[PDB]
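One chain follows as structure tokens, the form deposited in one PDB entry.
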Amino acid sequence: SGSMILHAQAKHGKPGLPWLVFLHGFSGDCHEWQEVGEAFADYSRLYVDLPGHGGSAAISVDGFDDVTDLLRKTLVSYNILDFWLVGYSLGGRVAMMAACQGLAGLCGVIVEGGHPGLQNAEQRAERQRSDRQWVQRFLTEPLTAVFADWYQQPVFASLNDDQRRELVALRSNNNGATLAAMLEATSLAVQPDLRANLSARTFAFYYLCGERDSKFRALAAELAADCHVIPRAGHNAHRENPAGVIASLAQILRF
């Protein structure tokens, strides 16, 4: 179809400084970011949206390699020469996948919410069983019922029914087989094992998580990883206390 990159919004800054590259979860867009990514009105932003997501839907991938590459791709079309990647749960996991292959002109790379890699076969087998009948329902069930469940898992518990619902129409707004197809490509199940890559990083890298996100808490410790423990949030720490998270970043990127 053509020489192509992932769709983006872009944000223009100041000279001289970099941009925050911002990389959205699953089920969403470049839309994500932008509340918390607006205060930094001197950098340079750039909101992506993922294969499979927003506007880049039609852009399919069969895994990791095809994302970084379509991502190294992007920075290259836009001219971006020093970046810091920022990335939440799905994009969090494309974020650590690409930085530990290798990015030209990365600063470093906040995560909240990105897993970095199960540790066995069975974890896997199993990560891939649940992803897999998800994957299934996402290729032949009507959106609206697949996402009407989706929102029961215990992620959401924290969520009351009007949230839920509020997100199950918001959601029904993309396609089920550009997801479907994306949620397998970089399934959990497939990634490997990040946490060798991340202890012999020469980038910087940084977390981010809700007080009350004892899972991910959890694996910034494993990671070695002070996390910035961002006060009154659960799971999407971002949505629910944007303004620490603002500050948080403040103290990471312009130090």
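Heads up, when I say rigid core I mean the largest set of C-alphas that superpose within 1.5 Å between the two forms. Positions refer to the first chain, counted from 1. First, how it differs from the form deposited in another entry.
When the two forms are superposed on their rigid core between these two forms, the C-alpha shift of 2 Å or more among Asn175, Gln123, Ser158, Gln101 belongs solely to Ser158. Relative to the superposed rigid core, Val76 undergoes a CA displacement smaller than 2 Å between these two forms. With the core held fixed between these two forms, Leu143 has its Cα displaced by at least 2 Å.
Here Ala39 does not count as shifted, since its C-alpha moves by less than 2 Å between these two forms after the core is aligned.
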Contents of the next structure:
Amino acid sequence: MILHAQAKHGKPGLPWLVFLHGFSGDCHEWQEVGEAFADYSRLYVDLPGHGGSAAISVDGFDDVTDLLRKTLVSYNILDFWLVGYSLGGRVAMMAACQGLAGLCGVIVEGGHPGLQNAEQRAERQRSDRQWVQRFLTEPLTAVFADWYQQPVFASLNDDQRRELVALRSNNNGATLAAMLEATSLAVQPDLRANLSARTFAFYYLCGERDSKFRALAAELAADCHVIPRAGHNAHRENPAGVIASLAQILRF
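Show the same protein again, this time as the form deposited in another entry rather than the form deposited in one PDB entry.
This part shows the chain on its own.
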């Protein structure tokens, strides 16, 4: 079993850019940005429970990393960057720290490096449990209308929220629920120490208006690129700014 993905081949010999979307996203998430790097090869991955990988279930990050590994081998990818947004950024950090052969760098946009005590983990476990029940029982247009009013999305305007609700409502609530639980921040290790001691290059992207993750990026031992006039999903809101930041990272 491998993950569903869309591959675009660039110049032979150049690295792959392997893109990981966030929760409720799919492999289209990073394509507006990624296709600007037409010289590189691009792999747009559907995470378990998402897109064409809906039917792939996982118990946790170990399974996701294994599936990522197998997917890379299947596409003959030997030299690559992992680029992840939000949940995809957490998947990228977990996989990179567990070890992925051929990984040369990780770029994370708004990915949480991990909670730091039991009370925080309990709060997140309980809140994700509540979201799981909603994804199993409610119209997705209703669930996503609330999803995009969470604090991390406070910066959005109502036109942006309406568009996102319509987009994310194309999803399987049951398989989203399963993945939400399986890779919940509540079960993720605190990766700060591991990230500090990294073999691989590590870069962080954060929207200017994303107060929570601007603070977190500062805690990390990483070059952080703040994307102007953008919230948490900075590549969606300011794709040209993110393309510029990626170009600075990759080509130097």
